[PDB]
Amino acid sequence: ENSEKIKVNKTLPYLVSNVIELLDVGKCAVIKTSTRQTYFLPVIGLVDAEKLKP
Amino acid sequence: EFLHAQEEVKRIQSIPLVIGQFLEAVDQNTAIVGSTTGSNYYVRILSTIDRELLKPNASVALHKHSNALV
Amino acid sequence: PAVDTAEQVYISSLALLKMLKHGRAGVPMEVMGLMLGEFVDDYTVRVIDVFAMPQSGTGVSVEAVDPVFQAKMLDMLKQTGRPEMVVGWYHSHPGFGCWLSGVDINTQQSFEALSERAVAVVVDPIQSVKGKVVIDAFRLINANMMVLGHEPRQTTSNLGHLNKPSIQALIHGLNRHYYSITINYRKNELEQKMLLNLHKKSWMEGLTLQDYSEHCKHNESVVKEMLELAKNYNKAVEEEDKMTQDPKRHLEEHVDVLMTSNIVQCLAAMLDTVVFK
Amino acid sequence: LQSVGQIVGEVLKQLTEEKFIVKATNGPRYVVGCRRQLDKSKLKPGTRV
Amino acid sequence: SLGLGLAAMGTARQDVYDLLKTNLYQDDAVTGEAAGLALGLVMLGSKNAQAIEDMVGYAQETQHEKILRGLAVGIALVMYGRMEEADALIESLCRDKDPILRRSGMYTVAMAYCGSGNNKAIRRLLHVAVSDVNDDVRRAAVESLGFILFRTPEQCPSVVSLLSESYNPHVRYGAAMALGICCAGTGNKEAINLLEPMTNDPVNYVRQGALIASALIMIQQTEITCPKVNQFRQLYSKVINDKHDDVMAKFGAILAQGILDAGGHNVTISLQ
Amino acid sequence: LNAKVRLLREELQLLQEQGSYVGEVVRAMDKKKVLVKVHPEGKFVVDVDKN
Amino acid sequence: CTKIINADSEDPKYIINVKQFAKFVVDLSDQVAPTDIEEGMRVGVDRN
Amino acid sequence: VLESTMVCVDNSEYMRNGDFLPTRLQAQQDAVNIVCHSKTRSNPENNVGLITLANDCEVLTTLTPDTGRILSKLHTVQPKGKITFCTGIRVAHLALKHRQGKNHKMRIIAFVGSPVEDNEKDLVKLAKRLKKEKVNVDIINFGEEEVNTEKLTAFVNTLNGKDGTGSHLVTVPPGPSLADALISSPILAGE
Amino acid sequence: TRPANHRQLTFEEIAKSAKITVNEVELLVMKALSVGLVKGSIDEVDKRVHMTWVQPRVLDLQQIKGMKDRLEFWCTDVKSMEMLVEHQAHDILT
Amino acid sequence: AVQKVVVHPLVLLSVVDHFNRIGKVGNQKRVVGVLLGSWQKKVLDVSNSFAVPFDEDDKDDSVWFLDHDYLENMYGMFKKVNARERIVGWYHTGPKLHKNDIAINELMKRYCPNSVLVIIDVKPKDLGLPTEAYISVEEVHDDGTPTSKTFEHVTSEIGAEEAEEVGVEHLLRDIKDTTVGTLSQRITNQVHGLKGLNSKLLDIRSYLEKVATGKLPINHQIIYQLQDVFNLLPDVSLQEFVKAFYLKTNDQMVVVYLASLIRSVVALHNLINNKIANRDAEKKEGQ
Ligand SMILES: [Zn+2]
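Chains as they are written, first to last, in the deposited numbering: chain F, 75 to 99, 119 to 147; chain D, 71 to 140; chain c, 23 to 266, 278 to 310; chain E, 50 to 98; chain U, 478 to 749; chain C, 52 to 102; chain A, 98 to 145; chain b, 2 to 192; chain a, 283 to 376; chain Z, 5 to 291.
For reference, chain F alone in the conformation it holds in the complex:
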């Protein structure tokens, strides 16, 4: 049930973006959305935190 809910919430139309900077406090992100925008994420999200190099 939990995995199905995650799959439903990960609807395809993602916004391709960078991971320009990676921080810790858990981990965070300073992602650079391809809409020439910068968004800090306090929680990285569904990604596996596979070291997400800048």
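No lab work stands behind these hints, which were simulated from the structure alone. Fair warning: there could be bad hints in the mix.
What the hints assert, rightly or not - List time: in silico EDC-like cross-link candidates among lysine to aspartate or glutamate, alpha-carbon distance up to 16 Å:
| no. | chain 1 | residue 1 | chain 2 | residue 2 |
| --- | --- | --- | --- | --- |
| 1 | c | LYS223 | Z | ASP232 |
| 2 | U | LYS574 | U | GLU631 |
| 3 | b | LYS103 | c | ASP97 |
| 4 | c | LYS152 | Z | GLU165 |
| 5 | D | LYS80 | C | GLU62 |
| 6 | Z | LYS153 | Z | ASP207 |
| 7 | b | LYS98 | Z | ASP61 |
| 8 | c | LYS310 | a | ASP359 |
| 9 | c | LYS222 | Z | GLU161 |
| 10 | a | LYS361 | Z | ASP207 |
| 11 | c | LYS215 | Z | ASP130 |
| 12 | Z | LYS279 | c | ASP263 |
Guided by the hints, dock chains D, c, E, U, C, A, b, a and Z with the ligand onto chain F, whose structure is given.
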């Protein structure tokens, strides 16, 4: 009711305002601004914002939604 | 039969507070929920309470209802002691107005098919700045009735009007596909007193004294400002009466604030000296 | 999944205790309030928020 | 129910009253409103303790605002012509927390102190016109004020000149309608002077109220008797023949014409 | 007092009303229509109001 | 379409490069020929 | 036979008694598993909840149509404290009243091996009250029989009244196997 | 025991209390303040001690009856001042 | 431990509605629910709640049927709707506690280690908040007295999200007070302060009466706090204080005098203008 209206005006002069450059004064209680968003608007000035100080090309906070100079 | 421009949706205090909380607790994602309520006879839609829906990611639509969650929590609310039908749905529009878009129209059509009285309510948390609740109820106009020349809603009374429709709703088709229902609020006296408890002042703050150094500083500052305004008002009266307002008005405001503050603190000091011995 | 990200910006002017001019990167300039527990004096002109 | 109440108005027939009670004892707005109003018409003036008890109990126990409105007017009619015997019920209704029942209290004041200029009732209505929170109850209070003062037409304009210049549109409409009721079929001059600026207002229903009140006042009046009747006839024609004039303003103008030329210029409106 | 309160309320309404764009008139093509370029986005042909 | 994300065999999950606006990860919809997509084929994409 | 049952279980210290191999605790675990499975197999629409009788009564599982959760929550029940039979039974009655499905018979099977220290008067009053609310309190006695057998007879006789086969008493002084004694018992026989 | 009205303890008082001549009441009070038993100061020029605190302890039923009496008085004074203010300002209370 | 708990208007309204619906369907002295919130240091934020089915024997005083399964199901669905709201306690709408409160708090401690009771009195009072907070602490009494698992009071407050402030203000728009100190309202606030002080002193005096006669035992923390209060009472007959008091009163009164003088001069100017205007109008009418 007069006190309530005063408080409402003081409130609409709120915190999350948007910066912009007052470009000139068209008439009384109305003027043209250019918001840092990059767009120019014909907005309404609130009352008693020291129109003496309100000189062309002046930094001013704008209502986030109505863009009114407040 | 024809629904008249007199029906009202009575949104309870709890329903409204839950709506606003959910909207601002899930902005910008379009939050949605159901309305545990009751159609009474023909003019009443009593939204006793609301019922949040889990964020489904795929915006707001019938796909986001998640019927299993609906049924489970409705059954358990009935167990709790809250046996109400689902009189329509609510969903937020965070900052881009209070109306219906195409998907909203489709969802509300489905709800009407379930029961042809359900009302679709929209709350805009972004522009719901404190002091102004931008909420609005709606129902769809059948495609046949409008073309038949008949008005979408009967008009048997003056109630229902007195509401100015929004320009945004007009440009998005307020009266061409749906129509705005009047929202009334059912406020109980006990609920209002509980609400007052929010900012109700404490007897401490009632009987407490302002810092005396700060009070003296404020009195000195305001008296100097009132001095300057006195000079201005003297020159103003002299010039106006020799050639025949802001100074007088500002001076009145300063005198009022001075009197109220000084009298309040003097009386508070008197009361303290008496009461605390 | 219910953690909306913030917008990175820079402080500029240090207005009254509860007011800060912040320029959002690739965006406009706002006057904003500061979160109560965030504590202050750690937001000087140029500070990233 | 409406027809039977009209036919039996004032008779206080027990059988009719009980049938109307049975018809009211349901949950349906359309039937309940008429049933309550007809109950009031039938029991009018009787001061029947049973009637007051039953109507107030059903009003408190029901759930339909339309039935509540019907019962409000019904109670008001029931407690008619009783100057001081209505005061207990008036106090109860005024202190009641249901806004429709507070409106019923205003109407009870009006009907009880109808055409007596009672200063106690005038004070109560004027107090409620500014203290109460429900604009409906404020408007009902002003209307009741007019109902009280209709016997001295010159007196009411003094009261209503200030109310007409109120920032509350509901109170303004109540002022207009109170002037209309008070100076109905009298063609007073200061009343028309007050109504005309109100006829020119930015609010929707204030204009309707002003137009209908002017028609009430000038019903059966000639140009020489009142040198403004032709002006208001032109005003009604203009507002009817208009592009942006509001629906309710046009409704008020059309009614105003109907009342002004009521009965083919053969009937006037006088409460006494 | 009524005048003061009404003035404040009307100011509130007229100030919470939405703002307005400023554009440069390229040409008053046709009656009741005006080709106007609004900075910085493209240029429209606006339908002028009746005032 | 600048990258078909390898097509992951099934579940294509195409990528698109809406110029002056943004990059996106999207899919087909009623595309009667899911094979005639290629890379850099200048596909048409909805708004919402 | 649509049924709603509450299995009361004693976890007092006297369950440290090891007459039933390997222990009274494991014996009662096996018996409750067997009885719950027997109730569930017959008309699976039946629902079963579980109560722990300790220093203070507790309800581990409300009326559910599943049995694995009840087994899992009972497995961690350890011997502690002392039995409070009256409070346990009252909690069981409350759970029956609150059961979601009102179309079920009301049963309470109580593993009550312990010396029931309660007053006889209030005891009979409770039994009669339960009879009035139409409850069937089956009682499994394994332990201080010499002490509690007369009181359990009072339970069942008062509940039955006349021809009232709803409530039953099964006493097992011998300890060959509690599970086998329960399976070869009148209570489970009718299912 | 001493009320806040006249908590000005004197050297002679402390002498008549626990037996010491008035040349070390000073040291005794110093020890009390340092340990934290009481708070205040010692004006030995005027030969008195100002106490503005005491470490609270556990009390007796009579020691609590005394507190009850003191409260009774305080409640009476508060009620009287309340009535006075309410009656005086009756015409402006909201 | 938790030093503060701030309940929210949504929680208050939900509790009131729960009690109303339960007392409409049937009759019960209390209704019970779970309080959901978040921690920020030792400051609990009770931002939501939900009712749970619960009934008890008011005679036995030890038999109740709080529904743990219902609790966990509702908690899971509320987690699905919102995640930063974990079970932080429970509430019951009873003006007074009961012997079952400790047992139910023991039950709730399985879902939260720092489980806090919040009694939300539906009956509306006029001096204090409608919420009383309690934390179950069981420790060897340094007093040396027998120790029993009992509650301990927790400071409580009412706070609101901004999205709840908007709704609260809208609902109270008709009966709201001005958010400014108008002299009449300030005097009224002082009178209400005197009222509250008198009520609190009366409560303390009644408790002292009861403990002195013997009905209740001597609570050492209560007596310590009362001792500290009486230590803290000021001395207003002190000459050095009377002189400063008169000095400050005279300063305030001179400011008030200047203010009143200015106000009177302004009023005279206004009347001069009015007399001149009336003169002009009557002259113009005559001519
Ligand atoms: Zn929508």
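Task: Earlier hints that do not hold, by number - done: Of the numbered hints given earlier, those the structure breaks are 1, 2 and 6, listed in rising order.
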